[PDB]
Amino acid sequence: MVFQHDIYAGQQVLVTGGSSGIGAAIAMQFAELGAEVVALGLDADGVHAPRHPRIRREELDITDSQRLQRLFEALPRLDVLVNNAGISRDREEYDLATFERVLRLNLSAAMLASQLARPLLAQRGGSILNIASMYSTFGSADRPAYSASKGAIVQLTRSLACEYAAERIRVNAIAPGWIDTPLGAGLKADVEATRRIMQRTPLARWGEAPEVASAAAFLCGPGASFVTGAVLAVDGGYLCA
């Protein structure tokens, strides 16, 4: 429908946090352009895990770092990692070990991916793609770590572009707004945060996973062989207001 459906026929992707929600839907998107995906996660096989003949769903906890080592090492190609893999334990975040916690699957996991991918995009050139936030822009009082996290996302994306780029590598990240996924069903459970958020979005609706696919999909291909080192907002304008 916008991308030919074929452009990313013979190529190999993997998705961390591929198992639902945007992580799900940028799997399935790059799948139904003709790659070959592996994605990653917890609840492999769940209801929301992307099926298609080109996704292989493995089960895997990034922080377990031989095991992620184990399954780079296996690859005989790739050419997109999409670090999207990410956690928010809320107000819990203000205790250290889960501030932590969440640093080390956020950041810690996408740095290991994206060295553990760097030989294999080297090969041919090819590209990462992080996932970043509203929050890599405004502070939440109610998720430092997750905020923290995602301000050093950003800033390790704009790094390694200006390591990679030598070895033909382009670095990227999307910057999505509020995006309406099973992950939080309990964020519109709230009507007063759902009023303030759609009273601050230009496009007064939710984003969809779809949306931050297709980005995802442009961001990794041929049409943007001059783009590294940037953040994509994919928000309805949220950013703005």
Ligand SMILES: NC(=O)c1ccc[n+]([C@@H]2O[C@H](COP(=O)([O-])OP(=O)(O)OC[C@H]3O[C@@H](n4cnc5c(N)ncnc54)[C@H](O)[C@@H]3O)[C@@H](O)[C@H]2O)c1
Contents of the next structure:
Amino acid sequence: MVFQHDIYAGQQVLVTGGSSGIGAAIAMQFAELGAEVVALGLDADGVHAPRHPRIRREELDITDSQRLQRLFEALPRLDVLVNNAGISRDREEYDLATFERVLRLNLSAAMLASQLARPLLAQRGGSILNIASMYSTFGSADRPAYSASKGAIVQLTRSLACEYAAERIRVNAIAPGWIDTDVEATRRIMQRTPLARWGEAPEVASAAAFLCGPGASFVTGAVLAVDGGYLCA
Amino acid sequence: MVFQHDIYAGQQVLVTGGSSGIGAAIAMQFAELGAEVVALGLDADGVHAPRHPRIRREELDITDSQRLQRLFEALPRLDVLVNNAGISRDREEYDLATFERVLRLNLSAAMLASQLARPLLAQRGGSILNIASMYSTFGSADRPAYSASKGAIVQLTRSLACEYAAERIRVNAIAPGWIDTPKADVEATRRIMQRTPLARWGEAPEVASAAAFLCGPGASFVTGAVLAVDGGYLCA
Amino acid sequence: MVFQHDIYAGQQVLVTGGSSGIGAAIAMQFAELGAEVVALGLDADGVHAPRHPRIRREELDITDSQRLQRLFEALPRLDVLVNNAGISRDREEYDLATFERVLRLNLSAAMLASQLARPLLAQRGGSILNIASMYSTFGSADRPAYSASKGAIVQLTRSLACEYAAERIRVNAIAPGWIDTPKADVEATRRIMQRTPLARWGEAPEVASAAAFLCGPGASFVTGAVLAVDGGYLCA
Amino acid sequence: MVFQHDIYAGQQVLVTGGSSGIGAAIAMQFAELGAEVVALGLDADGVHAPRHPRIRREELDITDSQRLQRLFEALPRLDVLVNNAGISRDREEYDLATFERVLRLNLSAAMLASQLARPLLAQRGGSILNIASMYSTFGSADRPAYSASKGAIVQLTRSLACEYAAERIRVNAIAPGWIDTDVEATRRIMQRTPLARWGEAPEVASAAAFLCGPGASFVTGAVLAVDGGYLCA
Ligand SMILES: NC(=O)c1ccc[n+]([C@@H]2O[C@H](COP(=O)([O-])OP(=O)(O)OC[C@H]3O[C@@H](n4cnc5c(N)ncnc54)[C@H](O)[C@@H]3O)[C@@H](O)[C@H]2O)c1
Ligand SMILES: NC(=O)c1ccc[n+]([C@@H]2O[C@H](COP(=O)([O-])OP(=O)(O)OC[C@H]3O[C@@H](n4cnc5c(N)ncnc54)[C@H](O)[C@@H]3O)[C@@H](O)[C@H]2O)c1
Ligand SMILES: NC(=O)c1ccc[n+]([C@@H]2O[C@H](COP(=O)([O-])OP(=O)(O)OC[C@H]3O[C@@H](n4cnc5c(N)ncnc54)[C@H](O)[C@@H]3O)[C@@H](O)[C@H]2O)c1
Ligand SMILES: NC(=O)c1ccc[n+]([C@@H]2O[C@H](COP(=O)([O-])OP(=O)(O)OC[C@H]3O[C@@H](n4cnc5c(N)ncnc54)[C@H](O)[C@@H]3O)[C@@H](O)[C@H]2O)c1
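Can I have the other form now, the form solved in complex with the named molecule, not the form solved without the named molecule?
The complete assembly is shown below, putting the previous chain first.
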């Protein structure tokens, strides 16, 4: 409907957390537009993992730094990196070990992946897309580590945008709203969302396809809200 | 070479400030993608005005409220409104009458256009795109009215996003960085370039491509948003 | 019981919208701390107007530009300007004339007052304090002109902070949350309270204490800033 | 000049990174207004450490979680916690171990300190003050971990503001500009600062004394810029 069929033909994309939810939809969207895609994640062949002849599914815990490095070293080419893998442990995040676990996946692994991707992305130029959150803006009483990590990922986006510009690598983020991947909480969220519905994973994916392509040639360091207006209400 | 050719086939777009610069490029981008476009502005047939068989060029000062209303009433259909018209009078903006002139075009005319567009946009749903500025974020000593007006246009974007959502009218903004629209100030260029990670001027079609995305079906869950198209300027 | 009694002894403060609510509390707070204060507003001697021997109450519609200028010209001295006057007409703000009325008071009058104050504030340095809003951040479907005006006042704050810094005039804003100024809407109260971490209305003197800090020598490196005094509302 | 002499009389304050720079000035400011203060940091008796009869100087690496916990357990009372300790390793932050070191001190230790302080602060109510940065807003090519950590600390501030409100604990941050604690870089910074000078440590301290006191009773989740206008230019 929106993009020309082969706009990423001949390109290589790697999506962390590609094995379900938003990552799976992003992987599918790039594959559908001609890219070869590596969908990295846990339970890489599970029910929610994306099936497509141009998507290779790979089981990998990206906090395993050495294993991640080997994977990147084996890649002959990379045009786009999507740092999508993210977790929350809700109120268990008040436990320090758990807080640190959440940061390590949500932030530190994204930093490492970006640095491992960097020499490949510099070959022809390319892009990085990080996934932020409403909690990059609002605080969360129930998930302090998640909120902290998402504030961090926005500043990492802006910092790597500055650093990688000279290598023609653009670095952006999407801040999704409540994406369908407690009656009272649902009602609260829906009342505060102008569009009054859940966001859908493919809607984040369509934004990803735009931000990582040549129509966004002057876009770097940006955070695009894909949230049905939630931030505004 | 990003979008399918007919995304906007059968649709009607109206771009204020369509007679030069960013507005002209936005008008051309929508026309390219199949839309009929009305390009409203001053000097509507000037050298910088967009030429295309699907672009109607119309001379209209949009601060003329009655004339603007008549134009909108004559439209049988409208799918997208782009509130792009904007001016600055630099340090003359310290004069109150001039300050108010800048606000009247940059903000009040955008409010009026949005309200005149609303019943048409509500028919099938549609979108509004406002043009913000780096000065929606940073202050400007040399153009206080411009900066004020662009902070206003961002809150207007968010407010109308809330109001118009129930009519399926999405309302977003682009905050362009420094776009080469007809710079001779060597020192200013150097200052801007030092603060722009991509180290160049933006081009009007680069703003236009973002407009084509935000106003289309790939942005169905995007409303109230401000997208920076600025080469990283906000980050440095 | 926070500030020393004479921090503003020998100084002159002018508060627009000083005749009720937040403005009245700000005027009282500066008067408490030794300042002579002019409280400008409508119904200047009404029930909500601040009574104090160091507060002169003056009836003045600040959209009357010539009258405002005469008042400022009569002042022998000015150290602090508080642009607090603000109005909303809720959904009547969809009417353009009303939209412009709200902008004219909330933004343009603040610009004029700032410029009239400027030569006096430049004598020894001094400060300007603007009053923003939660709707400088969030949009408001029910008051688009109010929200637009408050986004504008934040960018005006930042712009004049840049412009006036070389004259040692600091320019800041407070963004108050929901302040109990004379609520009967049970549903609205419940919505606001659910989103306020401190789970209560703010009180006018609580905004006033922040004003006393921002405009004083403990805030010597604070300019262009917006301080939220909102019980956490922006965070929830 | 600004505050009444005994406004924090009888109260207990703990400042992390209290042994130099901004932390030292904050410690002095609270002590001068009547508080008993623990100034925790490295080189706790060094030249820059604050000397005052109401300031106890304590040598403690706050990444030593067990030692920090013991210190908090020994406190009979706490009214204000200032999470001021912060580091940067500049471009060495591109090394993952170093990136993680910076996060661990700048963010995780602040989370732990806040949680250890929480039961004491809940006794009578009280406040937490975190120290943010210009790089909570702007990215930094030369210090990505620092910028990430400071984006994180702003979201942690907002998250703990939401969580701790019911216990009458207010949680705020100051975003200092360039504080005097490369000719070309100096010139750039000074040209972009409207007040055209360095900020001074006591100027951050005066803001701290306001935010943690009863004149800021309705202020929580706030970030106050103390930056000479830098953010605006
Ligand atoms: N769902 C929402 O409403 C929402 C809102 C805002 C932001 N986000 C962000 O979107 C991203 C994806 O979330 P989702 O909603 O699709 O969740 P999800 O749980 O459906 O998917 C998470 C993905 O991350 C992967 N993952 C987790 N730990 C991993 C590890 N150690 N190594 C490798 N992969 C790992 C999972 O295997 C999975 O593929 C996250 O960063 C999340 O914070 C989601
Ligand atoms: N050029 C930049 O770098 C830049 C950066 C950020 C934002 N912007 C914004 O982009 C928008 C377009 O600016 P541009 O750079 O293309 O400038 P431009 O001067 O080339 O375009 C101005 C357009 O607005 C029209 N206009 C002016 N007054 C009008 C009136 N009274 N009635 C109707 N139309 C009127 C003009 O005729 C013209 O078509 C403005 O809103 C501007 O603030 C521009
Ligand atoms: N009440 C809140 O919860 C709240 C929240 C955020 C911001 N604010 C802002 O605080 C400020 C004060 O509002 P308030 O709640 O105290 O309201 P209020 O209605 O009690 O005060 C309005 C004041 O402005 C004056 N005013 C109105 N029109 C004027 C004119 N033409 N000329 C001169 N003075 C005029 C009034 O006479 C009065 O003194 C406003 O800027 C408002 O937007 C209020
Ligand atoms: N100086 C500036 O311009 C500036 C600007 C913005 C933010 N900040 C922030 O202000 C805070 C203080 O910085 P400063 O400029 O005073 O720096 P500084 O180096 O003078 O002081 C840092 C303090 O943190 C302590 N510290 C470091 N590692 C520690 C550990 N493991 N355990 C305990 N204490 C430790 C040090 O011993 C010292 O007391 C930091 O959070 C910094 O990011 C400073």
